[PDB]
Structure formats: structure tokens, C-alpha cells
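With one protein chain withheld, the remaining protein chains of the complex are depicted in position.
Letters are used for the chains, namely A, B, C and D, taken in the order the chains are written, and counting of residues starts over at 1 for each.
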Amino acid sequence: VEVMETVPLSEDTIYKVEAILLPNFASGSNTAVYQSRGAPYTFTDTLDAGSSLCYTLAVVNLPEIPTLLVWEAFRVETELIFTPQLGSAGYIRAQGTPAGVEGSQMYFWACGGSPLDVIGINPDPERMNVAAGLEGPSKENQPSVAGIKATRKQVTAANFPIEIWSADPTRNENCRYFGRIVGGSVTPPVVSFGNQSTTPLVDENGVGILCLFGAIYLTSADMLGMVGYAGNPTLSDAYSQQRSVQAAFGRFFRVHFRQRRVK
Amino acid sequence: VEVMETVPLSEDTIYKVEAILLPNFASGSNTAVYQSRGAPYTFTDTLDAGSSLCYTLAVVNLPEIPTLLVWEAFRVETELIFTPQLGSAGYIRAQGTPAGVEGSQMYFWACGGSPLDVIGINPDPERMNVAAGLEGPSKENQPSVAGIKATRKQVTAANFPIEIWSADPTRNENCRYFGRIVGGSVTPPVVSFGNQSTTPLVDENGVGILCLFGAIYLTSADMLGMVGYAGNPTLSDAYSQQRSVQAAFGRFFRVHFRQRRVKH
Amino acid sequence: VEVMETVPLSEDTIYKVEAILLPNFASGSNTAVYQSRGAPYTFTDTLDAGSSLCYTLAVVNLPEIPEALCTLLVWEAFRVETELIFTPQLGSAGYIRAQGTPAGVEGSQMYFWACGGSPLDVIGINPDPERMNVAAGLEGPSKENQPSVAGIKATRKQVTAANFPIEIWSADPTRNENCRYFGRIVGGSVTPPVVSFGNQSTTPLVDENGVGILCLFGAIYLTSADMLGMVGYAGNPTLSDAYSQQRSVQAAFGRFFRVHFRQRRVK
Amino acid sequence: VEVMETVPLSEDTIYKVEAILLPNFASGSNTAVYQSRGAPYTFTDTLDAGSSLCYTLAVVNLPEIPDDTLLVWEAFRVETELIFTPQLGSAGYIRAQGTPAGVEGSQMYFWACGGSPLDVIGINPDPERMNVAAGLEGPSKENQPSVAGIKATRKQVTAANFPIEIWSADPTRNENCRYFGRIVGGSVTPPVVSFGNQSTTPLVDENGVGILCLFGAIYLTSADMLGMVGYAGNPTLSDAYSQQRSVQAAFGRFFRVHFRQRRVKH
Partner (left out) sequence: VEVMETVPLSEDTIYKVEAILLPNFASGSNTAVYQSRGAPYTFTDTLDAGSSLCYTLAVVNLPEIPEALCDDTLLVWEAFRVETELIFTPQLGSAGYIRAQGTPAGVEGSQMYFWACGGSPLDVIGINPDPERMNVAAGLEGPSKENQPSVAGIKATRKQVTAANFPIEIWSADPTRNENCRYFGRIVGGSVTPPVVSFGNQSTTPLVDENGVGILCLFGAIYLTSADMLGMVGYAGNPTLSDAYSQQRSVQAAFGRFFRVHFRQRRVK
């Protein structure tokens, strides 16, 4: 598509979308399950549906506009919704203190004119399996790296686990995304939030996200760590059967649009 | 409301409000309790009044001003008041050293023309309860997420626990807020403070907080971690009965105002 | 006072003050005790003189300005260089027997400096008044059954002597009008300190109107406190119950200040 | 070479290269072995081929370009990003703490873009005790001290078997190259990987001159070690399971390099 000039700003040529994407521990491709804590995360060699956080997706329809004019997203405000977890996450008997949330984390958002492109990799393919309800890589004896043989798909269903699928920097042409992954078994999360920040979506030529299909595609995943059961001990072998993934309560998006002429 | 021009600055067309919001571990709606350490935090299934930190609110009336002129808050200085805690927090017997303050944290302030809008979510509703003296989510079988069915309220009383209520980004239109949450069981807090920094409150159009009701609404919550009892061991099973939430001693606000012409 | 223009710069109308403020574990008001490690910090319910780090203060007289009174000329501090003096602590702090390695310095921290035209205004709060006492040699809050918060009943005064413990006294943001200060507190029982230093950085002291610290009393007031953590005794185990009797607060060796002045007309 | 003016930008005078460099636990100089986890890292006195992460190299051909001066491609900026996913149970579990182990430990994040191979210095950190296996490049055995002095072994990364535990970028060379590295120590340090598709890094020096591809190719080199991990379904971070503990690398490092044309004179 050839990109031409923006349409002069006025009440009729601007738009905004607000959404909260909810944490998703899907059971299957067409069954997102919205809950902020997973089912207990078992220590088996298999990634299980219900305990493994998946990307959340939202496709938000934009108004029809009467060469062609399309909506162009030029900035986004995005913020996580969360509260501090003390006793809600159980307690550490050995330290006589609330456990809180801690562990490995992922903070991720994307805004695009089409679905998020991802690469699916099994990190320990001699040993690790992906349950039938979740999208896993193809079984083609490919190595555990992001090469030409790696499985590539788009996030168009509820069951893409974040422990398998990474954003594909070789695609995602008409999309902006940002991610941060933190390792460690007990690492503290840090969640900053407010209502004053905004992120531009325009490239070096001043071009934002062109909504050529008349919708905006929002994708997110926000894992903050692991937690136990409220009122119970945790962070011990004895209570390993109750340890669960904690996600944020939601990721807010406010996307701002103008109109762009394209050919 | 239609926002028009600012009034030319002069002695009579500016104002400032100073306040220190004090930590609050309320026992009920109409009873804030100002203390910087909570009652001991018990490991039960219930969030209890007295041991769970709640938002602190202040509504500060602004002078009458003789289309309509209103006070517009355009910037704020806000700072935490605290001191290092060593032996005041107990000691760790196994490590032969003062315990200090450590654990999960929240640092939060808001400035607005009306009360802070919040979302209330029970993070483990099958197991966790909120005591009668605290505001809890409605019991409508909603899932534990910030969706359409999540309980939405305004912070208009002393008994909104931070372990339940988060600022609502779908609302708070005439308000600026900033928050930071740190997890972990024993995470060290970091508190920086001074008297040289300021934060603007104006949006993209140069418009600050319009005090349409003739008052500025300040809201804060500042949890620095957990502590034990001075002179006693802590961070062990044996002394969990004494472990308490530590808040800052206060959050200072200095809010600066000009006047703005508006049309209702 | 009403602030007017700066006096044009020249050899005669600028000045600088250099000082190193030394760590102070005072035993009383008029006898600062300069040492970089406190007496062993006991686990009693009392903050003890000798083991608790106190603010350090220096009041430095500035030159008389000839024909100052007419409008009056005063010295105006408009920027400051300030840096901590320290060295890495390995075996000097003892060793951790269980981990077979030098202990170093670790624990809760405070880094603080202030520059002003009068003493630092502070608020004094006992964090656990049902249980904790302040020893008689140190300035403590008044005993007026006030809650342990920074409210209107909290004890307020100025740091004018050697015996204000940092575990009690915090800078007062409702006062300190002709003073700039910056503090950072770090919690945790074993937190590593980080000390960055150099001789290239400078901090401005001017407000939004371009006005720095006006030295109306004829002196610059410097206040500091720099606690880096806890340490043991060289050659001995530490970080254990058995050696808790030897655990002491470590401060920096000094805080350097270089304050730069010009002249300002007021009335 | 004398550097002259850039060629006016147009469709025919600009180019870009995309590549994903893959983690390499080489068995020998002849063959990179692309895998994101090493073979188990044994606690012997020898660095072993297959368990030690090596630099990855890619030489990417650029198009031929149609007085005594020449046009060459000039790389003026680069987008580079790591491809990874969070590791929970895929890394085993910590039995004592009843929780997934994740990835943690010492780290290295490194990229280079150049007109010729990366210049490196090879140092044995403990030469009285530590050996380097025959399948990996090690320093010369010339009784040199364990420091980066004039006697240290200097080589270029032109093969698959340069272990990052021995070979560091040489700041005395690497003239027509930009590189950036970060090493993090500690036995259990959490890695932090930030990524996105909005960031770009300039490659131009103080004279506005980028990487001059005098040989008609761009040389990319990387290494990205994120920590250690165990086996999925098994305990780890204990003596009992030390025989399974393995180095974890990123799944790949993406590069997108942007070029213009520069007039030069040999």
C-alpha cells in the first residue's frame, strides 16, 4: 500500500478505542478463560491448559468511513491494573512473613492492523510436551532456535501459551510491540502505572498503524510471578501442589486515531 | 464542561495548598486510624481492619473566587517522609543483624477535582475474605479480573484497603495519579526524597485539574514493607504473630493553582 | 526579604566553600564523635548513643561584604558539588563462615545532604513508641502521646547539634524554605550499598526564579548523613547469632562539599 | 581508505539486511551447532565443546554496485533484538522451594556489526587449573599472564568455536566495527530481556561515517547467554541434579541493518 497524506484533524476525522484485556488461562483455541491466577502449575514435563498463561487478544471494530481513507493509530496509553499481594498469596512458614508474588515475569503489549506474528519454540524438546488444548510448535525435529524451520503462526486464537510463543521481529510490519521478560525463581515484580504517559506509534516517516481491515488488533500478556493459596504456607516442597501463576488483573489500552489516505 | 482561557497570573489569581496525608489502617468507614505500623498481620484467610493499609484521602477546600472562574491545579510537589529502620523493626536471629523494613510495597499518589475512582478485586475469592470493617468487592460471582463486572467505587472513606482497590484507568478523568507496586516477600524498599522536584498536572492541551467543586482531592498510599517489634526477633515462624505492615510517616503535597475560565 | 538582581560576577563577588563533613556517632550534644563505624549496635529496645548514626552539621562563616547595607548584599549559593569518600570493604568487615567469603558492608542505608541559609528543619518520630526508647544522650521526640506519623503533633526542631539520630529525625518538607536537600533511604537486612563518586558532577541550587540559597545569617549550613550498612570485626565471623554482639553501623568516611557563591541584592 | 561523500538517497542506493543469528554450542571449528540449551555443563577443570556457548557469526552478502574512486555500502544504523520466552517448568523445579526453577545465573548479551570479522582477545582466567577442550579455540600456551596485555592471544572470530568464557572483543582493534556487550555475574542472577520493534541504534562515528563494507558483505557476530537451567520435569539447583544443569541462550538475535552508499578511494 502507498501511504499518502493524513486528513486534517476534526471531530469527524479522529477516534479513540478503550479496552481492558483480561488475563487468559485458556482451555482451548475458542475458549479463553479469564482469571488472574492459573490453576496450580504442576511440575510435570507437560505445559497444561489452565495453568499456563496465554496471550490475550482483542480485535476492536472501528467505524466505517464514508485511493481510500483508513484509520491510523498514532499513539497509545497502556497501563497495568494490579494491587499489592501480601497474605492473598499465602505465607512463608520459614520466614514468618506473607509470601507475596514473586518469580519469572513477562510484560507485553502489541497494537497492530492485523494479528500478532509469533515464533513457537519448545525449549527442551527431548523432554517437554505441550498439552493438546494449547498451540505448540510443529513436530518436525527442528532445533530449539528461532531459525527458518521454527513454527510461525499468528495470534488469532485464545490458546497461545507465552511459555512457547515469542513475537516475530521478521514480520509484524504494521504493528508496534514491546516486551520485557524477567527470569529467576523468586524475582520480585515491579508494576508502575499512572494516567499521564503515552507512547507514540509512528515510525520514522510519521506513519502509525494503518487499520486496513477496519479494526485494531490488541494483544497482551502480563505474568507477574507465582503465588500460593491465601491462608496456606507456600514456597515449600510440602505445598508445591498449590503454587500458581499470577497475572495482572487487566491491561488497559487507549488508542488514538486519525485518518490517512492510502492507495 | 468547556475549557476556555487561563486568568492572567497575579497575587490574587494563584494559590497553593500544603498537606501531609497520614497513613491509615482504618477500623471502619468513618474511623481512620493514623499510625505508621499496622496491628500484626495475621496469616488467616481474611483481610482485617487495623492490619491492612488503606488509602488516605484529604479534601482541601479552596478560597471562594469573587462562564465561571475555577481554581486549576497545574503542578504538584509530593514527597515521602521516612527514616531508616534498623533495630526498631526487630532483629534476625539467624543472621545476627537488625531486621529493617522489607517486603512488598506500594507507592501511590493522586490529585483530582473529585474522589479517586477505583476497581475492587478479590485476588483469591474461593479462599479469601474481606472483614466487615473494610470495603470489599460485591459478591456477584464475578471473575478475579478488571472486567465489566468488577466492583467500581470512589475512595470517599477511610476503609479502602490497597490489597483490594486499584485506580481505575477507565475513569479518573479530572485527576492525575501515579503508582508503583513492588512484589516479593523480603524486597528492600527504596525511598528517595528532596525539595527540588515538581510534577506537572497539565494534559496535552495545557489543562490541569479543574476544581469544579471548590476543593482539591488528595489520595495516597505508601507501604514500605513489613517489620517486627523493636527488641524482638522477627522473620521466623516463632515470631510471625508480631509481623506488621510499615507505612511511610506521611506523604507531603504542595499543589499550585491558577484560575481557569470555564462554561458549564 | 524581597530578592533583587545578582551582582555582576568578578573576583571580588564570587566565593567558594570546601568542607568534608565527617561521620558522627555522638554520645551527647556538644561532642561529635568522628568515626566511620559505630559501637556495636545492640538489639535492645533503645536507640543508644555511640551505635546510632547522627546527622553531621557544619556552619561555615562567609566573608563580610564591604558596604553590604544600603538594599543589602548577601552571599547566594547557586550550585554545589558533593561526593562521598569510601573504599570497598572486604575482610575489614569480617567474614561469613557459612559462605566462606568476606562479609563486606550490607544492610539498610541512608544517603543525605542539605545546603541552607539556616539549620535543617526536621520532624522526629518514634517508629514503635510502645516498645522503643531513645537514649538520654540523643535528641528524641517529645513524649506527648502523639501517634507515630508526621502530623501537626509530631516533634519539630532544627538540627543544631551533634546528637540527632537519623533513625528518628527526617527532613521537614513543610519548612526548609531557604535550603535544598536530597535523601535516599534503602531498607532490607542485607542490602548491598552502591556509592558512585567523581569530580565532574555539580548540582544546581537555584529555584524556578533563579534564586539560590541566600545566606542571610552570614554562613552556609551544611548537613549530612551517610549510612552504608552493617559490618563485623576484621578477622572474625559475622552475620550470625553467635557474633551479633559485634555488628556495627558503617558510614562513609566523609562527605565532600564544594559550594559556589555569588552576591545577591535583597531588602 | 579515504572516505568521501555519501550518495544521494534513492531506492537504488539504499539496502537492508535482515538476519537472525542462532545460539551456537559448537563441537568444532567446522560446525556450528544450533541449539538454545547446551549439553550439561560439568564442573570439571575443562571447558567442554557442546556445553560452552560460542559466538555466532554470520557473513551476509550485499548486492554488487554498478575515476579512481569506488562506491561501497555503508551501514549507518541497526535494529537488534533478542527472541526469548519466559521459562518456568521447562527449566525444572526447585524442590526445597516448591516452585519452578526458571532461568538464572551469569549472563552475557553481545552484538557486533562490522566490515570484517570481530577482533577478540583470548584469556584463560585460571591457567594453573583450567583447560580448554581441543574442539574449542583457546589461548596460546605461551606462559602469558591472565590479563589483556601485549602477550595475550589475539584472533578474529571466523569460525564457530570461540567460547565466550575465553574470548572478549578487542578494543585496540575493531576499527570498522561497532559492538556492545554486557556481562552479569552471580550464581543465580535473574536475566532481564527487553525487546520491541521500535528501537534503532546508530552506527555512525563523530564524522558521520558508518561501517564501510569494503568486501561487499556485512559481518554480524553475537552471543546471548541468559543463565542456567535444569531438565523439564526434574529437580534442579541441587547437588543431586548438578549433572543436568545446562547453559540457556536466547532463541536468536535479530538484526536489521540499514545501508546507504559511500564514495571511497583506495
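Methods note: a contact is a pair of C-beta atoms (placed from the backbone, for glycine too) under 8 Å apart; a residue touches a chain by one contact, two chains touch by 3 or more.
Trainee: Which of these touches the unseen chain: D:2, D:64, D:68 or D:239?
Mentor: Of the candidates D:2, D:64, D:68 or D:239, D:239 is in touch with the missing chain.
Trainee: Can you tell me which of D:35, D:36 or D:107 touches the chain that was removed from the display?
Mentor: D:107
Trainee: Using the touch definition up top, pick the residue from D:25, D:34, D:73 or D:167 that touches the left-out chain.
Mentor: Among D:25, D:34, D:73 or D:167, only D:167 touches the chain that is not shown.
Trainee: Quick one: which of D:63, D:145 or D:216 touches the chain that's been left out?
Mentor: Answering carefully, the residue with contact to the hidden chain is D:145.
Trainee: Give the residue, chosen from C:101, C:142, C:203 or C:245, that touches the chain omitted from the document.
Mentor: Selected residue, touching the omitted chain: C:101.
Trainee: Applying the definition given at the start, please give the residues of chain D touching the unseen chain.
Mentor: On the chain D side, contact with the omitted chain comes from 41-45, 47, 105-108, 121, 123, 125-126, 129-130, 145-149, 152, 164-169, 171-172, 174, 177-189, 206, 225, 228, 236-242, 245, 247.
Trainee: Could you pull out which residues of chain C are in touch with the chain that's been left out?
Mentor: Per the touch rule, chain C residues meeting the hidden chain are 18, 20, 22-23, 34-37, 81, 83, 85-106, 190-200, 228-229, 233-235, 239, 253-254, 256, 258.
The rule is simple: only the chains that are shown with their structure count from here on.
Trainee: Compute the distance, rounded to whole Å, between the mean C-alpha positions of chain A and chain C.
Mentor: 46
Trainee: Just give me the whole-number Å value for how far the CA centre of chain A lies from that of chain B.
Mentor: 28
Trainee: Where in chain D do residues touch at least two different other chains?
Mentor: none
Trainee: Assign the assembly's chain-to-chain touch graph to one of these shapes: line, ring, star, complete, other.
Mentor: Contact pattern: an open line, chains touching in sequence.
Trainee: What pairs of chains are touching here?
Mentor: A-B, A-D, B-C
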